[PDB]
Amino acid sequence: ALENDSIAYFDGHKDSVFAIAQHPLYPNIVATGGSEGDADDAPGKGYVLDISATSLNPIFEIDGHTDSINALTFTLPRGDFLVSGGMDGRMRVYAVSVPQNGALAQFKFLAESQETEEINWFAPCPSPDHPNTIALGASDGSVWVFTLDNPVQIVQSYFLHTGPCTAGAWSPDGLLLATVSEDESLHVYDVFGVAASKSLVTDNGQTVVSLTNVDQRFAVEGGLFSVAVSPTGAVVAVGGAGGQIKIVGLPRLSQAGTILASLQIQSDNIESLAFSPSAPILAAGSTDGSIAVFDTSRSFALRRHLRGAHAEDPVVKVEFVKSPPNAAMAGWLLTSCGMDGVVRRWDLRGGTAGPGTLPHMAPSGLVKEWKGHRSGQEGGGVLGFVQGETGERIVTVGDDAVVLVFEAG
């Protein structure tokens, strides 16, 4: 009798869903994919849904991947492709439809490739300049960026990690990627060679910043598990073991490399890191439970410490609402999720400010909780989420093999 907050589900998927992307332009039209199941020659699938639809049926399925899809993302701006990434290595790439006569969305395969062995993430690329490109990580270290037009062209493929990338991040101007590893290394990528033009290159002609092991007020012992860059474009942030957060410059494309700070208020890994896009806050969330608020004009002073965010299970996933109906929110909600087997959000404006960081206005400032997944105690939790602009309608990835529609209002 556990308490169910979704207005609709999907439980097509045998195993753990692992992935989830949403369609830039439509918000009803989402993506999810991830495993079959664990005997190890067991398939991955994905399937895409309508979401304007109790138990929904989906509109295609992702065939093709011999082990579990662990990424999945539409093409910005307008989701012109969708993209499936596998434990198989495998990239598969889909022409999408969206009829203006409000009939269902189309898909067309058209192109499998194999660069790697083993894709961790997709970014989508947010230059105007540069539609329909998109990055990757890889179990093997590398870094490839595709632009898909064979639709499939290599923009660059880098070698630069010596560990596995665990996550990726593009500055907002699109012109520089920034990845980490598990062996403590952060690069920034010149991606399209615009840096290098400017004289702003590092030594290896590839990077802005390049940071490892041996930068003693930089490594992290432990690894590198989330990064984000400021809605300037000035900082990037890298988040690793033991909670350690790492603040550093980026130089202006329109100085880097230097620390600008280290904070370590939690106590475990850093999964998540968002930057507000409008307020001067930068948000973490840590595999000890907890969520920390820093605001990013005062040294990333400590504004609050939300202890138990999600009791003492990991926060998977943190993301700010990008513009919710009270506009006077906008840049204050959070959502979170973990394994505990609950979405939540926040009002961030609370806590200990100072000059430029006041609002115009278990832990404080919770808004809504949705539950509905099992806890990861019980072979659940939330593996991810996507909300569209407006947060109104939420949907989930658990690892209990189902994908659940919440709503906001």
Contents of the next structure:
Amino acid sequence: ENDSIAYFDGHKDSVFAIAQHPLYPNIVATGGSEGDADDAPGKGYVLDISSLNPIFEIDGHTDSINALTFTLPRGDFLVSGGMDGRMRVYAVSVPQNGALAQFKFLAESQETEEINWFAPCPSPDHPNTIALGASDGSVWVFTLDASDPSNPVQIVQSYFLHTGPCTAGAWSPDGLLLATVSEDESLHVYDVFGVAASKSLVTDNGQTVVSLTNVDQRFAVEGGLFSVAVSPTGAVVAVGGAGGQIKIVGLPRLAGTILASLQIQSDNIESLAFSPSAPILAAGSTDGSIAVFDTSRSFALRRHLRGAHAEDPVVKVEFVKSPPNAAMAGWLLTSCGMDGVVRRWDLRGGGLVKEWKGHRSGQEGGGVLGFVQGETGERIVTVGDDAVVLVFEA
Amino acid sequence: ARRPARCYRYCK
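Now that you have shown the form solved without its partner chain, what about the form solved in complex with its partner chain?
All chains and molecules follow, beginning with the one already shown.
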């Protein structure tokens, strides 16, 4: 069964990365591998989903493209990050009722050897700021200023606190704090713009408001941390890790106490998401289940969706920000998995809304490795291990 | 080209 309304098969191998323009959800960039041979480079494309033909091509990566992001608030830049450690920065123009979006390569840098993720800063005060986490554990924050393309990239921060690979990062809603986690079990929440330090709310390293490591027995998740999310008020951060473990840690408002410890699921928590408007946290696990916790009730278990993606890993969960059906605002969760399926859930109960097939399953060389769904969730664009990009409608 | 760490986590 194939439920897609459009597709893109331009990638020669697995597609690992996807990003979406924050103003124009039809503009999507995808990135991945051109093959498993050493002489096979990475490759990215930009698509307009409004068989798809790309409107731009991202070359220059000698290894797989692993991370992509458009900048906030307006998508003035598109940035790619590779397993070669290259960060390539493109300026983005979207004509009013001129024509197709246009892209211009501005700059390339190589601050790390391998980029694991990007996250754009949501602070309205600091437009075109992005963070990345790398295999060397470092976390970098960059600001992009198109004026002076002799140096359009400026370094806001370069943190070297994690030792092992930095697996995930999440900004607080006000964009002043950046929470990152590592394979070495540490959590650091950086005071990116110095505000916390000015209010005497940073730790002894002068850089974080929270720093927790393997030596902290109440916190340590044996086997590593792989996911992180920050609550919509910025009051807490959730970290997810090996063994199905989740830790909830307090943040200063603009701290570092364990507010709850969760272990309903049985294997790696690969994805965490707070609902933007309902008092719930969703967690996706390598064991194929999703668990939903009530954030106003000491993270009491609301529901355990076993076999949400059979016994195949749940790769990503994400709430629909503002669905057209406003009654469901905050309660609609989209998930994707190595079963090759995308699903959407109604989390009001204590619930499958839709499922979209088309990708091969993991055992056939497929699985869904990522997706975007815009603000409304009405179009879902996927990237697959089977080298295909699919478009579904809600 | 290589596969990211997370893919190796998913695979078993």
